[PDB]
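A short worksheet on the structure shown next.
It is the complex with one fewer protein chain than it really has, and the rest are unchanged in position.
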Amino acid sequence: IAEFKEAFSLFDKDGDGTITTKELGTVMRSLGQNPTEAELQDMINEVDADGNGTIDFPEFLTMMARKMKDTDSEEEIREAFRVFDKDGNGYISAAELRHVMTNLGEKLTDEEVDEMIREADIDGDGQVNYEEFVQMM
Amino acid sequence: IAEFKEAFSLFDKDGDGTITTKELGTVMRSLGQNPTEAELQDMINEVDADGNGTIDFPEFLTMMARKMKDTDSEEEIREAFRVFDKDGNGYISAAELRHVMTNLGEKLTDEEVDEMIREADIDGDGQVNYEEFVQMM
Amino acid sequence: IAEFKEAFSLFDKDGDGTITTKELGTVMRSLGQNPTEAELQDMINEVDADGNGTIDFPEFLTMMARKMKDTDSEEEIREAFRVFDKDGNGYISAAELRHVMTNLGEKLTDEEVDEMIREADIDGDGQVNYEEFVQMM
Amino acid sequence: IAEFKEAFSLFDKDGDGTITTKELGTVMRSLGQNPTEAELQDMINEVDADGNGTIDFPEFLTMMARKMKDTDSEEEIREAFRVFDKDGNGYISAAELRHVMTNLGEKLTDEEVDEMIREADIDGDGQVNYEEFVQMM
Amino acid sequence: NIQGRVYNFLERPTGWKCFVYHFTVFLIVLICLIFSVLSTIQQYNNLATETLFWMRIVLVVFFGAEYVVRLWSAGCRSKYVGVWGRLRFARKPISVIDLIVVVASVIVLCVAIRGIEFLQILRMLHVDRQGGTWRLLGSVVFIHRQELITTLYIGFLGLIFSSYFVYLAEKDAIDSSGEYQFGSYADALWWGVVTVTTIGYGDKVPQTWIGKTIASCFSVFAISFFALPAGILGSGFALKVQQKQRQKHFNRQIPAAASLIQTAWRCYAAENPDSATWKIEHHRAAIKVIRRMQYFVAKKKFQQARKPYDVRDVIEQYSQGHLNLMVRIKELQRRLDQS
Amino acid sequence: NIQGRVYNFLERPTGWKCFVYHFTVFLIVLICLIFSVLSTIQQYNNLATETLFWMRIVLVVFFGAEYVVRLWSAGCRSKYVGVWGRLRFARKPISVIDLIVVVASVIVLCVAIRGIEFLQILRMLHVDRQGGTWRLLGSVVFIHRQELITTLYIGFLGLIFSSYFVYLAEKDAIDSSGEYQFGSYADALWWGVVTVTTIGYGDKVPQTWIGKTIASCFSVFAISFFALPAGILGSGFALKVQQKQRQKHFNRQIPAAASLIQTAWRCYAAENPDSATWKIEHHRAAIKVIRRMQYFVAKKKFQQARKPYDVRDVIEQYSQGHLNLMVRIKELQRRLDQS
Amino acid sequence: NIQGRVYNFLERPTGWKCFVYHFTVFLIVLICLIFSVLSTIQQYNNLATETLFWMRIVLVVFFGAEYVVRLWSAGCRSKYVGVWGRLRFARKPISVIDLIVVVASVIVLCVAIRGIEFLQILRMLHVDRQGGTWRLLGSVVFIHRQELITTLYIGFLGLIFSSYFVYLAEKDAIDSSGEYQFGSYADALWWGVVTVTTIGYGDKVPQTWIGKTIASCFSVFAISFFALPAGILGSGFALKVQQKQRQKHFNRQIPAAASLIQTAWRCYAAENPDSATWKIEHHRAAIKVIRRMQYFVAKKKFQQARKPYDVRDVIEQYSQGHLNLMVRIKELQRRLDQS
Partner (left out) sequence: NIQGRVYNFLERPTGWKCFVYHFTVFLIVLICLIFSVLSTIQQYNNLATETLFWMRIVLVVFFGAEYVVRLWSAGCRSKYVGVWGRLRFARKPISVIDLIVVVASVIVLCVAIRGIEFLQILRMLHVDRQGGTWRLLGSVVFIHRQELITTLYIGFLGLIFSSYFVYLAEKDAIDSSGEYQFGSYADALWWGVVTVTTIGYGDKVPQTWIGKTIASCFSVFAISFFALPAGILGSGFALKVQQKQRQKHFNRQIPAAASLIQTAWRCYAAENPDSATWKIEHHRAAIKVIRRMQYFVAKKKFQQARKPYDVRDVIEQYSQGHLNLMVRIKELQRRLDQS
């Protein structure tokens, strides 16, 4: 059941039992992400609960056991989609969606956008019902 | 109609389709303005609407299509003139106007002040009705 | 009665009659504490009352004459203990207390924790009545 | 009447007609005061009214024509004296006054304190009526 | 589309163009009420019967037509498209009132019923369509539930305990017209509820000095406990008015909004092993954990992105900037230390 | 000039020097009212006729003289100079009242008229000349339109729905003097409006226990919905009082004010090709765009320059200073990196 | 443990599971009241006697059982464990009411007593067990003691001084029914207390124009001095509601909390010469002073750690960061200055 520790030891290079910001930064170098110091600090804070600034293993299982499917998150995702609706009826033009997801925020690759769009627009023309897209995720 | 793009390419040296702060700074060097970094950043923000910190072409036409003649701007200009009125009746001494526009804010050249003053003071002595000067601009 | 001056001269190396932050830092080097500048500044402020940033001798006796046994401090210590109670009934598991006092805040040595725990847990198993521990201190 | 300009030219080394912070700093070096940059900036602000950060001659006469004798200042001086009264009856021990004016704020020389004290304490022992000292200044 | 324009006119009003229509129905139904009253007064019988019937059937027909047109036009929103989904729109509490009014008018035209003629006013009385007013009031009432509850409870306790003692003191006191006005506890409770709300009809007043003393000591203290809820809610509205003017501009939410959906979809696509998202064995596990951290950070940032400015943002911004400058200061010191 | 001094005395008052004049007219017209009442009481006829006529013509003559003097003196401001422009000043709503009072006094002196003698009090009653009070109240009322509207609407609905049920319950109940006090819905609505505002005259009180229960359950809840508007506006005034004391000094607006007009005139002069502003083909286009950006920045800065301090200024100032320091830090690092 | 679960159910309620029980006792005792009233009306004698006795003994038995069960279950908390310590729990003011109700019910069942039957309602009326409501109200009342006291004092002075003058003016005025309604100062004070709280029964109204003038000039000014306490407390609650939403998270208190106890125990252990704390003659003195400084700093930090955010934290944080950067700037300058 508690197999997550196998991944935990991957993040725990020094083996002291906790994950420090330096460990996170140095493991994420291997994948060529090139993070920032403030970004790493902000990322670390969303798991730590002791307030000591270091990730503990029980907090790690606590984070990993958190489920994505829940009203508090579906509502936020729906609001984020609604922010981009020009009229509020619940429809988005496909070209606008592609432009937004290619240029704004953190830019996605084109093939990812194509794969995401293919899962949608099954209804008809370039109107996408985001209120059914949300339930898919 | 959409001839503004001809000027846009002047600001778009690299040709990627957007105007960055470095492009604005480097084009404005050619005219010998010598700006500041914070000044350029503040200047850029008054056009960008995406929030990404970079000027897009549709936003460029949106800015260029904005008309100066409107109540929201005439009222502000009138208030700025009123701030300098010593009594509020709607009259300003010409010498005070010249001194203010030569020494305060960003200093104008003398000939510009003479040209501006010549368009005014037609009423009589050194009282200038700013409430009719405003409508000229 | 006023024997405290004998200790005061220990802190007053230069002999001008007052204790500066540099004096505190340089005397505390001899014990191998290695403080921080901001920590020394914060430590100094809790005694000075003149606002000049330097400790005066009458303020020194004023601080030393302050008694620990009082309701204003016992209540705060009780609240600090209560913060860590998982149910509020007034009991704490001994293992949790040891873990907390070894890892959180400023870490104590193991023997200090053993000595402190031995003075408690006399009631029975690993429940410690902090409301009687407080009166001991 | 307007003899103050004779002193103004003393502060106006460059002769452009205004006093800058550098001029104030460089003239005050000659008297061996050794000011700070922030202190000079704060000192300059209490005279300038244009907001340009530079002292104009009409503002100089405006400042010099301001009279010290007035209720708004006598009340503030009285409050500053009252802050140091241990009981509020309107009496101060002479030794405390000497200690305060020698050690706190900007330290005065001993002879200045003696001269000031000699003008007071005429009533009797070391009680000084500050409410009559205030009217002297 | 024309359907959206019709929906934006019947519901979600814009202004004067719908306002004239609302005003016309508003005044015409008041004319209907005044004409029903005139027919009750029994004026010229032929007119008061035939024209009343005419304009009654006119009103009910117009009401049914408007109801069916709105029901059809409500299909613009994706939540109500489809036959089976439109039942949800028909289930909306506001829309039930229109059906009730229509059926009541139909029944009245086919035929206390005299009061049922007034029941039709239900529709016109409810004129706020989007529910903005009730939605605004509900949040303010909900936030302050505890202090309203405690003050109502204290007022009730004071009312009961004070009204009992005055009944005890005034049990056997006669009036000028020889009629016990405080003969039972029911009368005393009525006096208490008339007096604690500062109405004071004057039908029942204490007459013995004991009861006068109790009432004088009671009312002065107990009136404030009932006057409190008005002040609480008024100040609650006024404070929220200040927050309504210090909001962040719409330009600061787009990047966080886009990032949230992007990272959520990335987390979703991480579940499949053959999606293109792997173009960026053991690393395939750590990637999921990193993506989950990124999603949580993005969610927190989006939540913060649509709140009014608060000192906490300044406190976090200063620390972030201090760290950003500090790292470069130490890097420059280390670089210079090489020689 | 003397004309400006006269205008600053008749209008835009300073204090005691105009206050004595205002007080004298204030008390003399009250003397006129008391003397008209005395003449109505029919005292010594000769005095009550002749001196009343004397002081009436005195008052109307003084009023006309003051009106014409103020009308002439209103030419100090450029908005009203000229014959054709002074009609705008004569069109001012406050000034209409003076003309109405003058013509009414003239008509009365030439001759319900007994109430028309009271109509003259209109002028003295309106003593605030600059309109400061109404101008202050209007903004506060306008800001809080929604919460006032919703609470008035809720109160009206509650009033109607409660007053109908008590009429239903009390339709056939007689009184002690044998007179139906609740015989029709008009009486019930009057009772409802007398009771929901906590006045309670006592001319109509419910008598059957059903109506008593309805009234008791109604008033307690419905009184707050009418007490709300006072608290809302009181808190609105009190909050604005705090903002009135945390304003920026006048010294911080002059530079931005000058810069705004300077850049606006530069943008205007950019339209001509031969103005001296070109002393600073393709560049002549980019110059206009740069000037437009500068004008927009200056406008935004001027708008910000006359608002009370807000945390947003701190948040922008910190970022500006951080960038200003950061650029020099990187420049020094690069300069040192050359060796 | 099961004892803790029982304690968490009888006291410190969670919700619906205890709510149903509270509701059932709530309605059953109201049924008891209605049945006692029915027995008073003298219905069918056999039922109204025997079933009343049955359900009375049922209620008192249930009440005693609940009291004893709660008294036993209160031993979960360390403050009440032990026989001699449980007397403190039995001394709690809320628990006294239950014993009073139980003994009163026992006495009534063994047997104004007719009003003593109402005294039992005391228990149900007090339903808030943890004392949260009274605890909330007490702090708000205590904070604003001075302004409440001064306004009550001013209102009392105005009431007395105004009520005396109207008595002087109205001493010898008869009424329509020929009865002096203002014959003594006691009547005038009653009128004053009925009028200054805007109740206005109408049993006593001034009749001479002097008294009318005094009352008109009095009430308008004096009503606000009694309306003030409601507004003061309402705004006090509303302001605290804002502070209740801008609290620091629980995650920021654990380090300071641990540090406080650690340094306090270190200071305590410094008193013994052989404790292990010496593992870290003259130095043994300075160590105590350093530890005392550390304890004071930790106490101040813990006190600050559980307060809402305030600008003072920003002001101290900026200075701390500025010093931290400044020391390194000077160190780098000195290090570079060596060459």
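All chains are identified by letter, namely A, B, C, D, E, F and G, in their written order; residue positions are counted from 1 within each chain.
Here is the rule we use: contacts are C-beta pairs under 8 Å (C-beta built on N, C-alpha and C of every residue); 3 or more make two chains touch, one makes a residue touch a chain.
For the chain missing from the display, the contacting residue among G:105, G:162 or G:195 is G:195, taking the whole complex into account. In the complete complex, the hidden chain is touched by one of F:36, F:39, F:181 or F:198, namely F:198.
The chain not shown here is touched by just one of D:27, D:49 or D:94, and that residue is D:27. Not every partner is drawn; the one left out touches chain E at residues 198, 200, 202, 231, 234-235, 238.
Annotation for chain F: contacts to the undisplayed chain at residues 112, 115, 118, 125, 128, 132-134, 136-137, 190, 193-194, 197-203, 226-227, 229-231, 233-235, 237-239, 241-242, 246, 309-311, 313-314, 317-318, 321, 324-325, 328-329, 332, 335-336. Residues of chain G that touch the chain left out of the display are 143-144, 146-147, 149-151, 153-154, 157, 160, 164, 168, 195, 198-202, 205, 212, 216, 219-220, 223-224, 227-232, 234-236, 239, 310-312, 314-315, 318-319, 322, 325-326, 329-330, 332-333, 336-337.
Everything that follows uses one rule, which is that only the chains that are shown with their structure count from here on.
Set side by side, C-G and A-G show the greater C-beta contact count at C-G. If you average the CA atoms of chain D and of chain G, the two centres end up 53 Å from each other. Remark: chain D and chain F have CA centroids separated by 46 Å (rounded to whole angstrom). Computed centre separation for the pair chain E/chain F is 30 angstrom, with centres defined by C-alpha atoms. Residue positions of chain G touching 2 or more other chains, listed in rising order: 198, 200, 202, 231, 234-235, 238, 254-255, 324. For chain C, the set of residues touching two or more other chains reads 104.
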